[PDB]
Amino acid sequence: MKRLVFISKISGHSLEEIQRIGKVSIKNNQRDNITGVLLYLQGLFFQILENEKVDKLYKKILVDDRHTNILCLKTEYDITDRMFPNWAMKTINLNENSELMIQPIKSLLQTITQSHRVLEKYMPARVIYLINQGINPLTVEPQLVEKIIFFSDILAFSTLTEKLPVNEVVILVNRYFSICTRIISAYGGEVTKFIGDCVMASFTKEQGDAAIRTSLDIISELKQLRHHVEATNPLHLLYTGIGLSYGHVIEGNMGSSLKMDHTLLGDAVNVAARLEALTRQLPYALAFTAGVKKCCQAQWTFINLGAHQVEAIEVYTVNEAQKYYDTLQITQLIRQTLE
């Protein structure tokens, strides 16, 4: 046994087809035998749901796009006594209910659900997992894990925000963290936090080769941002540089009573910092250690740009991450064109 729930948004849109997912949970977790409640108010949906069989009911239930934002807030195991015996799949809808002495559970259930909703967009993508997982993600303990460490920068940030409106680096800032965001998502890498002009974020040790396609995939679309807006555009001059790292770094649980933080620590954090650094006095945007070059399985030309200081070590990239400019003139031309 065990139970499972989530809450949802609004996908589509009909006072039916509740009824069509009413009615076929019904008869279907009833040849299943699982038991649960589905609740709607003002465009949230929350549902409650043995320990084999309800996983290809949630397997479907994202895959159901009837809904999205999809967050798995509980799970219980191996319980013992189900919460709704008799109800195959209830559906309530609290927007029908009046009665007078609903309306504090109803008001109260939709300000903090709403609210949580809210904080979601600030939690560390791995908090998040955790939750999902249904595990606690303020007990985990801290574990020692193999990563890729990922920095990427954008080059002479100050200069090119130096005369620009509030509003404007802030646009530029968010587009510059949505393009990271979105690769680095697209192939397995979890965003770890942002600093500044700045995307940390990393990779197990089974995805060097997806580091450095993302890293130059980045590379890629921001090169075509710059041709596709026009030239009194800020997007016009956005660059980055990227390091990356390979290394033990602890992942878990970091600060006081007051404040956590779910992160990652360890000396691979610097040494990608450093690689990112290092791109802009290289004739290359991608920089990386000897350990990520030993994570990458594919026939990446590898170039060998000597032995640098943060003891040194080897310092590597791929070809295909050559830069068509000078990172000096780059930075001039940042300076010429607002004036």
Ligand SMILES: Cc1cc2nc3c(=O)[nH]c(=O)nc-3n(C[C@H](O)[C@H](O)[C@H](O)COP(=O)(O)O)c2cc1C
Given for the second form:
2 protein chains.
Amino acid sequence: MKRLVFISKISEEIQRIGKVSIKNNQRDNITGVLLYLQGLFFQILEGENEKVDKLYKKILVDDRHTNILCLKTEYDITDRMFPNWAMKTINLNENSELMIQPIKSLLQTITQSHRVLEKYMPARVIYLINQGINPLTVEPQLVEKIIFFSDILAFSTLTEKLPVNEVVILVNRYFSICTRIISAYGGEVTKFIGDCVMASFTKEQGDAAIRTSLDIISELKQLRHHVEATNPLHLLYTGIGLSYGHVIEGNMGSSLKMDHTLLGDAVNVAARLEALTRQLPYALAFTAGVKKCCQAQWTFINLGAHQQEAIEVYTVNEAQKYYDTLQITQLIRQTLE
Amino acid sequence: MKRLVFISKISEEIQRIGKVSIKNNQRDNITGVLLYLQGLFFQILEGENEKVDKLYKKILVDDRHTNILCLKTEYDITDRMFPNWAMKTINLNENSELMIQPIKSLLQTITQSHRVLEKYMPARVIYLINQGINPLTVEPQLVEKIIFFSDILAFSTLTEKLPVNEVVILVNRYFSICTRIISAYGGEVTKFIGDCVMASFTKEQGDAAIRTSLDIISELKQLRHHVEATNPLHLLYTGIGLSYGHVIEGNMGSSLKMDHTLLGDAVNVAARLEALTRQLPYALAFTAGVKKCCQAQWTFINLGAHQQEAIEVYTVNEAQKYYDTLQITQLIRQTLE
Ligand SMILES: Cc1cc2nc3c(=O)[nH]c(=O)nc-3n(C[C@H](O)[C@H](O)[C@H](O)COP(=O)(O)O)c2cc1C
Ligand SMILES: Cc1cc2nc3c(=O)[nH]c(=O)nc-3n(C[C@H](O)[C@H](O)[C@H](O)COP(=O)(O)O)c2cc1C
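Next block, the form solved in complex with this ligand, ref. the form solved without this ligand:
Below is the entire complex, every chain and molecule, led by the chain shown above.
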């Protein structure tokens, strides 16, 4: 058998949910409980492994709730936790009694706090937590990654002139755009380094990594002529480095502070290729290793060898600029005065 | 009045706790509940602001529990949540009844999950959460920081030779040492960047920032002759850059991913000074701005001007090396073969 636990955010209607679960959970011989408290669901489900999983994939796509996080998975259990409840619904709001109110209030406060912490988490950890894996004890492994690096053109002159709030508005907008597109193509964001976005793709995701690069460049171009001139967003440009190689993926740090990152020379290479694009007529630079993972009929352009042994640099025709890097940089400064 | 909520980890004895709280919580006219479940405390406390705070400082130093996190603070409440319980203790393990078991199990699972997420958190966020501040809505502010940067000497040759697990053992040991010392002197760690540790100190913490730098250098020296030669730890060296200036402190990112970092040119400067020490006869390099925040009678040594306008670089005599940077680097490589 098998048992999992998840939480989710909602979007008499819950009564239609439990009427169903009961019938289907006997049809497939399942038990568990559904709690509702302050617009959040909590569910425990237990039963034969194939039957419990056929159900939770159905649950994942139910549009009655969002931001689903599976906290816990127990494999090959032997004793059910609620053998007599096909699916028991406990509306924790209807309960007004004294002795459940403390536990009611704490469940609310921990889970809400929890939901806030989730947004500062490494995507990989949240993924591990969903798959039942313990992030703190997982063993760091050597994996093959495409490494992605993007940051803001002449950002230090954007921070130089704008007031703090426009800086933040601008950085957050940049980060929204980057992560939405990376995540849509199947990449994972590793972390933010100042103005920089570090991500990874798999070795079957070369095309998706170039497409990600071009799309970001594209949305920033549209964004610049969508807004008025006096909007700092009018001044937002990026350059993107891709590398490929082996990296160590895992957790690092002491008891008092943990991080779940990627170590390996390819990390440095993508960052240097990213910075290389400030001297290139292209916004995207990548290695030959990235090119090998690319199946699509890209028009690859060779930018020669660069720097402790030199490496070959490539780009695609679609990453060409219609601007000069020191032109944009003096233009940014002239605008802000 | 005022009300807070915290959780902590434990180290009939709980019976001695509640017997006390009751008497003192009436003495100072306080109410709330204490839950115990699977080696974790949960407490809600409410009352007049001066009285509730005199108590929680006492609680913080009680050695019966550790890893105390205050989740929630409510200011100037008007209605108490438990007006009749000076301090009601609910041992959630003693309860075996059916209808509390689901809520019992969920409270356990969320809070445990919670505890795991806390270890991937920005120190500043955990601090904000403790002080009652909402991290997601706090407004990013411009602050004066000493910026700290440390990373591992010729790390790319350590990753080149050692197997993955020795890399991780070695990085984790480095990070334990760095964060323990930074945190002891009063700094905060911002994040980890690969082999790099980024931290900040206040402008009244110059001496503490140099002391932090020297102590780390010191512990790594001791560590190298404490271990056998064949231990990768025998090969672990660091360089440290300090800068000073204005940075933006706050949260950045989209709904789907949030980070709580420091933006500003001083971040880049400390990183470049850090890298500068690979060509210097010292392991610590800092700006004149850092020197100004230093009150202690340091023997400051001037390393000239470096690089887009050049800045003056300083170090202290105590940061001198007894090694050559390219000697250690070829020595590391020779060892590993
Ligand atoms: C929070 C939540 C929990 C649910 N739990 C169950 C459950 O335990 N068992 C179940 O059969 N359906 C559950 N559902 C509803 C599923 O969508 C359901 O399996 C589906 O409507 C079945 O459709 P079908 O019989 O046509 O295949 C749940 C829905 C929600 C929102
Ligand atoms: C989890 C926990 C909760 C506590 N809650 C209270 C409380 O609510 N009120 C209280 O007076 N003491 C509480 N204490 C114990 C304090 O240490 C206590 O105030 C102290 O022993 C008083 O000493 P004094 O009367 O000599 O000043 C708590 C201790 C623990 C571990």
